[PDB]
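Undergrad: Could you build all of it, start to finish, from the sequences and the hints given here?
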Amino acid sequence: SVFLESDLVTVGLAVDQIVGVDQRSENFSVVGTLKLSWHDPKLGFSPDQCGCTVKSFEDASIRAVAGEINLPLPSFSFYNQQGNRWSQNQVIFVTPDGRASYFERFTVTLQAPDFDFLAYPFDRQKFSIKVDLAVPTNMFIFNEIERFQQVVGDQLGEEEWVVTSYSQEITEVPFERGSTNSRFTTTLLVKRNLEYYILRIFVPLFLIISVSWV
Amino acid sequence: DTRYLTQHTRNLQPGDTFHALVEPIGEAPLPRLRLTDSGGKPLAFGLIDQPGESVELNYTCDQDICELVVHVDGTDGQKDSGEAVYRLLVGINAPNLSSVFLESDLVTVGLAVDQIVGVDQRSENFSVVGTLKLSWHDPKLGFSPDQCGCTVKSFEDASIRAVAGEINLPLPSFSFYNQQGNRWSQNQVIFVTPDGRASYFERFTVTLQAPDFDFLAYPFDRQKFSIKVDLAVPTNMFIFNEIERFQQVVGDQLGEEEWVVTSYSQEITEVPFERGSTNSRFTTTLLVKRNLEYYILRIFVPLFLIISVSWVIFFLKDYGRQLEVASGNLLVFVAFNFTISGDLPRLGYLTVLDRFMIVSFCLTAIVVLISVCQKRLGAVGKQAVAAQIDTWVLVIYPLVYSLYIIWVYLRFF
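Protein chains in written order, with the entry's author numbering: chain E, 322 to 535; chain A, 215 to 311, 321 to 636.
Just so you know, nobody snuck in bad clues.
Derived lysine to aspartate or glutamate pairs resembling EDC-like cross-links, with alpha carbons at most 16 Å apart: (1) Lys363(A) <-> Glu281(A); (2) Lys356(E) <-> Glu497(A); (3) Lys255(A) <-> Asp418(E); (4) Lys255(A) <-> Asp369(E); (5) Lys451(E) <-> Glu493(E); (6) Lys447(A) <-> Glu490(A); (7) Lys376(E) <-> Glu389(A); (8) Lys447(A) <-> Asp343(A).
I should point out that these hints are in silico values taken from the structure, not numbers from a laboratory.
TA: Next comes the structure, spelled out in structure tokens:
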């Protein structure tokens, strides 16, 4: 068994809807789910007090009442978030073992600064969901990605773009001076539906230039 | 998906017995049965019987109170066994091969739409106001009405989620799956009786996703507006089992004029979450069809008029003027065409109206292609030839007119 005692953040994320995709403002909006999990021998829920294996908590209770012992918790931030994150449930479960599992279903607006409009309307793009820790890696790191459900939902609900391939991958980033924090970069690569562009722009053009020929 | 099972039992009194049995009703492989306490610590083994097909199990209560949880282990079995059935025989005092001895906590969900505020087309979402009622017996939170000169006490949001979580017994959380943005919750009030009957309803405003928007049939299109409401917790804790219609699902006065509801659907499902864990989903679906009374009087009536003009010009045969008129009628067409506004998001497909419109425009220009030809003839001569085709066209024009309609009837219906 492993004698360096571990606290290690397991991050999972999943997109389930692409609500909005702005072009002018170069942002886009997705609904999703984000799950963090980590063993703490602490918060050791002996099930003599509770006739149960598992107890759970939501937002105001966790951030306040779990901070009653003043042991640390792995904070996190959507780096390239614009505006607000519309958090529907922020529920967090714990085992006697002391296995923390926090997932949060969310609504977000995200920046896409890697919009190349040159290839238009034949253009591909990168939609990213970069999710850092707020705390440094003196405290917490995500090391292992769990795919807790499929990253790209069957029913995204957007018709101008469709996703080609996804990418989930961890990096470590400088913060402050000489301090590094993990970043769970969750990137969709996308290509544009040209069927609109062919039928309402291209054939008309062909027709009009055909007239000049004839 | 559900490859393991539990049942939280009733509180056994001191020195009271317990009997349990599993039998494969659907010729399925043999399961492991066990009894455990309310926590993890286990009490017994469901042994494989003398016959060799039944899982016999026994235990008697020695502690001050016995909180019991029967396990049915389903991991050494048929791989992805779509159907595996079992008959679970459980009882307290009589060893035999009135009231219900599996302790129940069971979420009763009711929902009702009262307004369809907004219906976006481009973004493919829509907004409704409603009410959602959850109810469940917990012998716990047992409100003895000696403290309160009353039968019932109630709580609103900040008090329930915080102060009801003071005892740290669990509560059935829930989420609108296909919610976009925020849920505008007006009152989140929850009632309880001494009995320990939980009554939570919440009036809400929501924006919901409709990824099942087919724009092809447009403007003759029907759609599905859904309100999928999951639990956040798994079914180790809570399940909705029974739907109560606490008021009529579709309000008389929805307040929307472009669509009206055809039929509704309320129905429970169970959905995978995490790995190997299932949570209930209260799918409450409105089926909808479009009011075309707008579409008939501002799109279709005019179209008919404009194409009628192309028809009637063939009557005239003063060919210069005929052509002038036809050309003019086509010119209007352009104006009209860009007038009709479709609020549809830019779309991969042609819809119905897009197809009829494109057929209208082009041959309307074919009527102009014919006026030229006739005028030319008339000028050089063979004027009767021009008149022949005039009659010729009038016959054929409105039937290709008609079959085209019947053509798309078929493909689009």
